[PDB]
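Using the sequences plus the hints, can you model the full thing?
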Amino acid sequence: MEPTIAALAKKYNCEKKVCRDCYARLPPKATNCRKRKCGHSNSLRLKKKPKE
Amino acid sequence: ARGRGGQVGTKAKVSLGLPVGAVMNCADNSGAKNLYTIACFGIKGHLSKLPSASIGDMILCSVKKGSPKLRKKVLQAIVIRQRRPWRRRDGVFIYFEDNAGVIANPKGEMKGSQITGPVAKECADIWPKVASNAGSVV
Amino acid sequence: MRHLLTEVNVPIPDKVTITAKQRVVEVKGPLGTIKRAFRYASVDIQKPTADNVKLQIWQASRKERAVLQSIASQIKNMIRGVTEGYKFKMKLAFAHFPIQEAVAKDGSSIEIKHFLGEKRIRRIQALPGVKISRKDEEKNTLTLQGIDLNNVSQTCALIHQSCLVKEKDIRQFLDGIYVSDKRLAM
Amino acid sequence: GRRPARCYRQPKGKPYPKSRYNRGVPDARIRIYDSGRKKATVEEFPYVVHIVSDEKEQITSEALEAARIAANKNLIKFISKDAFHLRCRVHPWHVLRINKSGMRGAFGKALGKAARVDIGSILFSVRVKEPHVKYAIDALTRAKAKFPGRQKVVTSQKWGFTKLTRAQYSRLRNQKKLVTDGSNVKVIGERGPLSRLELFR
RNA sequence: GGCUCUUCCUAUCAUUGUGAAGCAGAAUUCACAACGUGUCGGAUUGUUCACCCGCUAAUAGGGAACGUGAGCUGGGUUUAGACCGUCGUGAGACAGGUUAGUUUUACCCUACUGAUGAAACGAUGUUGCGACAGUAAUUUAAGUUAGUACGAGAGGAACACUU
RNA sequence: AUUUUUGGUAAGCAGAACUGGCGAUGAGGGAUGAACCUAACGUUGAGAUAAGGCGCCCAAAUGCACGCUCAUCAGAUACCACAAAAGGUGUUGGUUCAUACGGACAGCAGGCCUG
Ligand SMILES: [Mg+2]
Ligand SMILES: [Mg+2]
Ligand SMILES: [Mg+2]
Ligand SMILES: [Mg+2]
Ligand SMILES: [Mg+2]
Ligand SMILES: [Mg+2]
Ligand SMILES: [Mg+2]
Ligand SMILES: [Mg+2]
Ligand SMILES: [Mg+2]
Ligand SMILES: [Mg+2]
Ligand SMILES: [Mg+2]
Ligand SMILES: [Mg+2]
Ligand SMILES: [Mg+2]
Ligand SMILES: [Mg+2]
Ligand SMILES: [Mg+2]
Ligand SMILES: [Mg+2]
Ligand SMILES: [Mg+2]
Ligand SMILES: [Mg+2]
Ligand SMILES: [Mg+2]
Ligand SMILES: [Mg+2]
Ligand SMILES: [Mg+2]
Ligand SMILES: [Mg+2]
Ligand SMILES: [Mg+2]
Ligand SMILES: [Mg+2]
Ligand SMILES: [Mg+2]
Ligand SMILES: [Mg+2]
Ligand SMILES: [Mg+2]
Ligand SMILES: [Zn+2]
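In order, the protein sequence lines correspond to chains AK, BJ, BE and BH. Quick note: the first sequence uses the entry's author numbering, first residue 78, plus one each step. Quick note: the second sequence uses the entry's author numbering, first residue 4, plus one each step. Quick note: the third sequence uses the entry's author numbering, first residue 1, plus one each step. Here the fourth sequence stands for residues 2 to 101, 113 to 213, where the numbers follow the entry's author numbering.
Keep in mind the hints are simulated off the structure, nothing from the lab. Don't take each hint at face value.
Said to hold, decoys possible - Below, in silico cross-link-like pairs of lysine-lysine (DSBU-like), each with a Cα-Cα straight-line distance of 30 Å or less:
| no. | chain 1 | residue 1 | chain 2 | residue 2 |
| --- | --- | --- | --- | --- |
| 1 | BE | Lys47 | BE | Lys15 |
| 2 | BJ | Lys114 | BJ | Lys67 |
| 3 | BE | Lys87 | AK | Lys88 |
| 4 | BE | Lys166 | AK | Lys93 |
| 5 | BE | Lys89 | AK | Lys106 |
| 6 | BE | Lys87 | AK | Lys106 |
| 7 | BE | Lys182 | AK | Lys94 |
| 8 | BE | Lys166 | AK | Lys126 |
| 9 | AK | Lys125 | BE | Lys89 |
| 10 | BJ | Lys72 | BJ | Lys110 |
| 11 | BE | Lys168 | AK | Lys87 |
| 12 | BH | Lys189 | BH | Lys40 |
| 13 | BE | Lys119 | AK | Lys88 |
| 14 | BJ | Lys14 | BJ | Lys132 |
| 15 | BE | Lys63 | AK | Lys112 |
| 16 | AK | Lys106 | BE | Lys76 |
| 17 | BE | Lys76 | AK | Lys88 |
| 18 | BE | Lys89 | AK | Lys87 |
| 19 | BH | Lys158 | BH | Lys170 |
| 20 | BE | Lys89 | BE | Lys28 |
| 21 | AK | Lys128 | BE | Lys139 |
| 22 | BE | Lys139 | AK | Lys88 |
| 23 | BE | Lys166 | AK | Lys125 |
| 24 | BE | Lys135 | AK | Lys87 |
| 25 | BH | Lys158 | BH | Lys19 |
| 26 | AK | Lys88 | BE | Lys166 |
| 27 | BE | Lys15 | BE | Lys35 |
| 28 | BE | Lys166 | AK | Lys124 |
See the structure below:
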């Protein structure tokens with residue numbers, strides 16, 4: 078409802094990055110993981126975007 | 004497709020009188036005379052504690068004496084009368100002189116029309132179809 | 001290796017007055033007075049001149065060096081904070097169930113009801129120096145104003161977070177109260 | 002199942018070739034040591050990338066074919082078959098055994125073949141043009157992962173699979189001192205009987 | 001081997017709080033902090049295992065001299081009786097079936113469970129403090145939320161409140 | 001046991017070679033302990049040592065100077081009580097190629113360029 082707002086929510090929710098190792102959601106456009114378990118691992122992916 | 008789905012509320016506390024293996028009369032005209040008690044629903048026990056049913060419970064049973072179409076299968080039944088004295092909010096303890104049950108489908112429907120003998124109060128609130136088929140309800 | 005001297009320079013503009021005693025910083029401007037305690041760092045906070053404030057750290061290691069610029073920036077925030085305040089706007093976002101809101105007159109507390117149709121009552125008490133407001137024209141928004149950046153941003157936070165949706169796909173639901181506008185000057 | 006490579010890793014034995022003392026030693030899963038365009042001229046593929054085993058160990062033939070197939074698919078897809086000559090320098094000569113009542117005598121039947129590698133022995137060699145050097149370096153590295161422990165990747169300043177330094181190679185180009193067979197180059201000395209030298213044709 | 005009982009492990013079956021999804025909902029899958037609590041009733045089998053019938057939040061995998069015979073039990077295994085089969089000329093033999101076949105001792109030390117209890121800064125009561133030790137509650141269902149959100153439909157939640 | 005060795009996936013496994021040693025052997029050091037390190041023993045005092053130590057248990061430096069390290073799983077050393085492939089924008093060195101007031105990197109700008 079209200080795409081003006083959906084924008085907002087989606088930027089708070091779908092717009093992050095995920096750690097291929099500890100699973101944490103890191104800020105988008107970020108290089109490293111902030112969680113100790115993996116030693117800040119390189120490999121990250123985009124949190125899977127919703128459907129159309 | 005199983006369970007007790009057609010139960011209308013909470014069943015009151017009754018002293019459990021029918022452990023597993025218990026054989027009780029079958030008061031419906033289904034054509035089965037008796038019910039051999041296999042399990043009782045909603046029970047997780049202690050070590051070697053026999054599963055027990057009482058008035059109002061829904062058991063899982065088989066038919067030992069009756070129409071050959073009925074025996075040899077696993078059916079569900081609902082306990083009506085029990086001989087194990089239980090106690091009611093007035094402090095009086097009651098019992099019937101037989102242990103009786105009625106074969107029912109998991110939805111709470113009876114297979115049959117007439118129910119022989121009285122049905123205990125504690126069974127009615129829980130099972131409205133059973134209650135519908137009661138001649139008397141104590 | 002270990003760094004000799006590192007400094008950072010904080011400007012002080014019209015109508016601002018600053019006090020450094022034993023690492024305890026005070027900043028008084030038109031809008032009020034804010035104080036913060038830096039006792040945790042070994043840094044030198046130099047007596048402020050109405051022009052400037054000089055921060056120095058001696059014989060430092062890479063980790064220590066960062067504390068400087070960060071204490072500094074915090075000061076920047078105290079200053080800018082007492083000049084033009086800080087205002088945030090939080091858009092209140094719901095798909096089906098309208099989020100119902102009751103904010104007190106102090107502006108010190110918020111009640112949120114009917115979130116995702118939940119029957120629960122949300123209670124959020126705003127931090128000191130923070131005022132919450134909603135007007136008729138706000139079009140489903142909240143406004144948090146105050147002098148101290150932290151208390152305001154944090155109040156926004158506590159609000160946004162109280163409403164996090166749970167045990168369902170977060171990308172479809174998206175109900176919540178989110179910050180639309182940050183670091184506004186009034 | 003096949004025994005874990007960590008069993009035969011260290012070379013504890015004296016070398017057990019397939020010999021007239023060896024009956025019923027099986028084959029080795031790596032049958033082909035050359036991939037790519039094998040027909041190329043020293044002129045066509047100037048630069049070499051080598052996988053050099055840094056460790057002293059026994060690599061299983063199966064492991065070889067593994068690393069090889071890998072490096073091949075990588076190279077063929079990412080550049081072109083035309084653009085790389087891939088050669089496996091090492092061969093799996095050594096025969097492992099496996100002892101399959114009690115210990116009465118333990119001498120085993122033949123399990124499989126391995127290549128005995130020593131520190132600094134070149135495992136793989138690829139020759140390519142400059143634009144492709146990286147890609148080679150890339151796939152080789154990947155094949156290093158099909159391998160026991162440590163191996164390293166290197167770029168040689170010599171010419172293709174030749175023994176000449178690109179400088180010597182170029183000078184000898186200029187002076188018409190070079191003769192070309194495939195990956196090989198021949199150099200011409202003053203020691204030759206004159207019935208050979210081109211001039212007395 | 002089972003019965004009985006206690007404790008430990010975590011490579012967590014369930015329960016708590018979360019991250020991830022080819023997560024719409026429901027269900028499910030991958031991962032994290034994590035055993036704190038729980039992990040059941042019967043067919044056949046001496047059984048460990050296995051297979052089935054069931055209930056369940058779940059019916060997790062393990063350790064402790066393959067935990068536990070001066071705790072039982074003695075079905076199995078492995079003396080001496082005896083049947084069959086196969087082997088041996090035979091006496092006899094089976095890593096093959098059958099059937100009958102003993103289960104001893106604690107009053108010692110420790111250990112644990114409980115129970116009295118001498119004696120220093122005088123004796124003897126009464127009322128207290130509290131070091132330390134042990135700790136305990138865990139789940140489930142119903143009403144309501146609600147035929148609701150989500151979803152084309154089929155289907156189908158949750159928090160609060162109450163019992 | 002050192003070194004060398006064969007069978008074996010391997011073993012505190014099974015075999016061999018040279019020199020020792022342990023058995024047959026105590027003393028100090030490896031907390032501990034047959035075969036390690038020093039060192040070989042009559043009774044006794046002094047002195048200076050080896051191996052190993054000198055914050056306390058413990059004799060003797062909380063000595064004097066360097067470099068490096070913060071662990072919500074630090075580390076603490078021969079034989080010795082195990083760790084690998086693989087990873088880190090933690091921190092410090094070094095290697096090889098690069099930029100910069102003929103104004104760089106980055107950010108904000110603005111129309112590849114420009115403030
Ligand atoms: Mg990793
Ligand atoms: Mg019977
Ligand atoms: Mg039992
Ligand atoms: Mg989740
Ligand atoms: Mg779901
Ligand atoms: Mg775990
Ligand atoms: Mg897995
Ligand atoms: Mg049983
Ligand atoms: Mg045992
Ligand atoms: Mg016998
Ligand atoms: Mg015969
Ligand atoms: Mg026999
Ligand atoms: Mg005695
Ligand atoms: Mg005692
Ligand atoms: Mg007294
Ligand atoms: Mg007293
Ligand atoms: Mg007292
Ligand atoms: Mg305590
Ligand atoms: Mg409910
Ligand atoms: Mg030597
Ligand atoms: Mg030996
Ligand atoms: Mg020697
Ligand atoms: Mg010697
Ligand atoms: Mg002897
Ligand atoms: Mg000696
Ligand atoms: Mg002396
Ligand atoms: Mg000191
Ligand atoms: Zn991570």
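A quick look at each hint next to the structure:
1. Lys47/BE x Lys15/BE: Holds. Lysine 47/BE to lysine 15/BE sits at ~18 Å (cutoff 30 Å).
2. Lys114/BJ x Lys67/BJ: holds (17 Å)
3. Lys87/BE x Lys88/AK: holds (21 Å)
4. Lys166/BE x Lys93/AK: holds (18 Å)
5. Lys89/BE x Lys106/AK: Within the cut-off at roughly 25 Å; holds.
6. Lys87/BE x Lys106/AK: Given pair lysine 87/BE, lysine 106/AK holds - Cα atoms ~27 Å apart, limit 30 Å.
7. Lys182/BE x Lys94/AK: OK: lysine 182/BE and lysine 94/AK at ~22 Å, within 30 Å.
8. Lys166/BE x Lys126/AK: holds (18 Å)
9. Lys125/AK x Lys89/BE: Measuring from Cα to Cα gives roughly 29 Å; hence the hint holds.
10. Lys72/BJ x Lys110/BJ: holds (21 Å)
11. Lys168/BE x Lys87/AK: holds (15 Å)
12. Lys189/BH x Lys40/BH: Holds: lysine 189/BH and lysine 40/BH sit about 22 Å apart, inside 30 Å.
13. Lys119/BE x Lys88/AK: Answer holds: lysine 119/BE to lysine 88/AK is near 27 Å, not above 30 Å.
14. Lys14/BJ x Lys132/BJ: holds (15 Å)
15. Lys63/BE x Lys112/AK: holds (19 Å)
16. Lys106/AK x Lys76/BE: Satisfied, since the Cα-Cα distance of roughly 27 Å is no more than 30 Å.
17. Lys76/BE x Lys88/AK: holds (28 Å)
18. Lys89/BE x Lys87/AK: Status holds; Cα separation ~17 Å.
19. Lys158/BH x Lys170/BH: Holds. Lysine 158/BH to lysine 170/BH sits at ~27 Å (cutoff 30 Å).
20. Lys89/BE x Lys28/BE: holds (25 Å)
21. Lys128/AK x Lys139/BE: Within the cut-off at roughly 28 Å; holds.
22. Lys139/BE x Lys88/AK: Holds, at about 20 Å.
23. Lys166/BE x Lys125/AK: holds (18 Å)
24. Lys135/BE x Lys87/AK: holds (26 Å)
25. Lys158/BH x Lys19/BH: holds (25 Å)
26. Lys88/AK x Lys166/BE: Holds, at roughly 18 Å.
27. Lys15/BE x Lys35/BE: holds (17 Å)
28. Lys166/BE x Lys124/AK: Distance of about 17 Å is within 30 Å: holds.
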